[PDB]
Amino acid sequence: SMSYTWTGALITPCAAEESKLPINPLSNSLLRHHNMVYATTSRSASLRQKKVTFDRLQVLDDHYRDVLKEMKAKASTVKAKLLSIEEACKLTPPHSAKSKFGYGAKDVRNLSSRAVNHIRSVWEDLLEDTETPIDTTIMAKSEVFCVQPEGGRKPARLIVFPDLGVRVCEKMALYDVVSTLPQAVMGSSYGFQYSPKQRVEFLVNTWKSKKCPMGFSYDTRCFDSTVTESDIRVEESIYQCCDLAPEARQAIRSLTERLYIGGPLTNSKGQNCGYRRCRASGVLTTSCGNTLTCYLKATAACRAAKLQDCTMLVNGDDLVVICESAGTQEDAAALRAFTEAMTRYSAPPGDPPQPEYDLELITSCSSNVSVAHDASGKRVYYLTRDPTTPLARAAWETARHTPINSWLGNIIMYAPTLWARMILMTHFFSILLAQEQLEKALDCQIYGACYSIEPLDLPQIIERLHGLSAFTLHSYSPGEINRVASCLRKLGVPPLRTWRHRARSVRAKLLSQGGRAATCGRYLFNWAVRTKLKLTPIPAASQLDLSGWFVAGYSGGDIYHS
């Protein structure tokens, strides 16, 4: 069975596609080598199509069934609620793709008669029809990267999603399930429950619990394409262990057969492009589904491989396992056996995995633990990453208007990092000052969910999320310092010392404004003065609403929070 079948109809764009930085960047002030920055377009879709299209052979064993049953017994403790139309409507991002049935995201959020009417009709239809495949749209996604160190460019990812009406119904039937079940099933292994500070803590603690730790990330090639119809049905079998309202159970059953296992792909012109028999990227269960499936196959493969004292951390298709070593040679062998197992379960690797005996050298979720020191000199651990993509996208978002602001997300998730503090914070606060946009809330994504956040709130958010040490870190590791340096060289970003300069001015302009703006000056930019102003815990940090921030992943799920 093929992940995809294609009729020949093109994957088409819906509007003009921008592929390059504007002719004279609105901030060469961030980045000089504009030619290094690019966005993906539908022009590269057929390249992705070729990579993403293959036959899935799948052989399940006793290990897999054992783990599945263990997973199901945990799911059996769960009681899930049906969401009302209203609650599901309020989870719809203001800029979610409009319905073909003559209403859009705003109409849904407003509970307009036409939208609510269609939605209800889509719900009844899930009860009245348990078989007919539900239409989807396939599109080339727009994402910005830095060119490979070789005119090497990634082709566009392909997104597949059903109509806005179906999407609201998914929320009603499955939002509570996808938010609750994964922690219930996978426990400490479910990544999305963790803030950056909590994730690093769990990693570092797992590391130390091993007499002699060995760790490895595992990169599945095109995970979404490796998800089989069987995988999707096993996923449902897990879901079905929840206590569920009768209509939720039927909605789940119908959605599974009519939407999740596959169905026809329609381009933006309304032409039939082909047929999907693998995971769709743009449905509510994509993150939860991918996580359960990765966890299930990986845990079974750990048993097949006789890996010992495995502790896994799973985020959708991102997998990192830490275990007890048996010697360099036996580790290598066991890992090869882990890979042959995952392969039989239909998940071959992209890059073959490698045992790693230094926690700091393992990268998972595009990130790695590193070490620095706080004011008191004490050792502090934090999560970082190669800043290349974050910087490219910051430059793109500076030059072209963008609906979602990755830079704000990266500042929140990576607030303690050397590059987020010196470049990103300095750069964007400067722009915001000049345009008096400091008070205006912006949209950003955290674990796939959309949030609307006021920049004048970063100090609180950062403190409660990362700790007061997020404002004092110094003596960053050599490797980190080199990685950043190399990156500024690549993209033509001015050197750190220059940012220290721009920072002093920004910080001074902030302090002169008093109030929240002043707090941003003291806390966010205290790294820029040698006369380091003593930083005490912020009053607001404690009395804010940061609950729903790290509960579950909603990547591709059309989810809008608060």
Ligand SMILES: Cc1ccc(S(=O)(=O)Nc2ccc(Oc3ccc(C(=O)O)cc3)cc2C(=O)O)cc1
The other form holds:
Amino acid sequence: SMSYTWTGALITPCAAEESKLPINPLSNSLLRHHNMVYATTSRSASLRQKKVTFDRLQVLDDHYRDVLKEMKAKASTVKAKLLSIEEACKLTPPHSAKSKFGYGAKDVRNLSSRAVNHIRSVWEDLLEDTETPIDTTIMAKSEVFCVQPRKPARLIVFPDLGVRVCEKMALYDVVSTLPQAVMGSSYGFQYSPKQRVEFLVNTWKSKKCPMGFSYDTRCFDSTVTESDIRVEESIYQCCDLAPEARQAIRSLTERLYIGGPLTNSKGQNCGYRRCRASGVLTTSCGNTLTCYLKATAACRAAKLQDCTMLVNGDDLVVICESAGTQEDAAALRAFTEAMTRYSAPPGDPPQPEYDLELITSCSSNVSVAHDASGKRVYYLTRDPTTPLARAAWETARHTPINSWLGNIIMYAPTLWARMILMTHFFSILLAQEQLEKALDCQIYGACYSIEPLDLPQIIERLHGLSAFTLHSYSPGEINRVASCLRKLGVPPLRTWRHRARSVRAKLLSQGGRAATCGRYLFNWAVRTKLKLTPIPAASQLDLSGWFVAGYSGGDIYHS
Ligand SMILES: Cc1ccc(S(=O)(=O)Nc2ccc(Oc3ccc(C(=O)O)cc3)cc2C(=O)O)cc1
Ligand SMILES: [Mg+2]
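Let's compare: the form solved without the ligand is above, so bring in the form solved in complex with the ligand.
Below is the whole assembly, all chains and molecules, this chain first.
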């Protein structure tokens, strides 16, 4: 069927939309070619609609059914709990989109009577009505990028706040534990960056002759069929569930997940969706299961040998035993035709890779550097263009979510995160006296509130002390960074080193945690290297829930 149907009403913004990076003294200090940075707006929605609107072709075979059963066998071992209204409310980010029924995220978090009572009526409605398509809002997403040698806006679709809290009640526990139970080590979100690198590196070295490839599905959400979503529900249904949770899942599947009506911000009927909605709780888990199911079966169809996969939502990376250059290229092509029949045609043409550093997955790649001892150390990195562009935008404009903070956290060991992001934001924060103010950022889609001053302990725990001593990065990595800086008009190494020494001096003079940030985060900026010993606070850190599951588009806040 058609992924989308349109009435002709426009996808409208609900306020003024900024498209250009402001000329700001602070941001200009980070990136000078401000004209290369732009934010997508509803003005390009029409372009996106065209690309995501098409008929889906799907042919299921024995391999598909075989794998599905294997997956359900594992799902069968799970017992999901069903969250209380209060537990669900507490999972709503403070900046979550308000309800059209007289209450916002704040009322939900504070368990206001109007919010809880409306939430209860919505739940009761899910138990009683198994057919009525739930309404959803379609909006053009506002994201920042750097121009290329421009991307149209992504379209997000999400139900009312009341429904969102109900989703949490019925499926939060499911989407948090089912993926790992069914997919085991193949489930990417259970890994921290370091553990992802470890898994990838060990898998790679475990092959006699490794061959790997990332597989990019063209607009994955739109390729998801009604069949796919019901297959997804069938897996969820193998879980031991509370009666009400079971009905809620059945109802949400038919009324929301398989599709439904689209309404713009002006309240006008916009069209109909028959594919994955980007803004529901099951999107990450659902996409991961779907991608995993299709790929695993595609692998069997292509006769790839000793396949080891890593799936993060619609992101897939496979590492196998090579059968030789020619055979590999043919097998990859067969794999692709298999995925195509399953309704997951390729966007960028997949290509086999024989150098692990050249494989980009989850927008990142593995690279190696050296610690102070001179020992090789693997770590996760990525082209810094987008991170830097967004860092600039966030410097000039206040944003609910600070991607720079998440990038410092997730890419702490990288040359660019340390040289530029750390230096830039700490100098600004120290100057504005806000080192103590907690800020929100996202990790695998979930929102977290973090204190910049705790960064040293966080980095030590997630990446190890070596994150503060890496040097001698790869020529490929160094060149990518340097070319990025020239492209965006970002100051050179020497400028950042000078700025870094300057902030480090100040951080040290403040004592306490600031001093710790100065010693560990910027030891790279000085010749007189301080001794970096284990930070006591890094022992009493509970960072386990950070890497349990993916929640992008799931409106999740972890506290
Ligand atoms: C966190 C960090 C760690 C070590 C150093 S270093 O000064 O000890 N060595 C390097 C300094 C710059 C660099 O990569 C660049 C970056 C920018 C430019 C440039 O501005 O053109 C040139 C080389 C790579 C390395 C290395 O150890 O491999 C600087 C920053
Ligand atoms: Mg894709």
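Superpose the two forms; the largest set of C-alphas matching within 1.5 Å is the rigid core. Positions refer to the first chain, counted from 1. Only residues modelled in both forms are compared.
> Core fitted between these two forms: which of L26, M36, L535, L511 shows a C-alpha shift of 2 angstroms or more?
The displaced C-alpha is that of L26.
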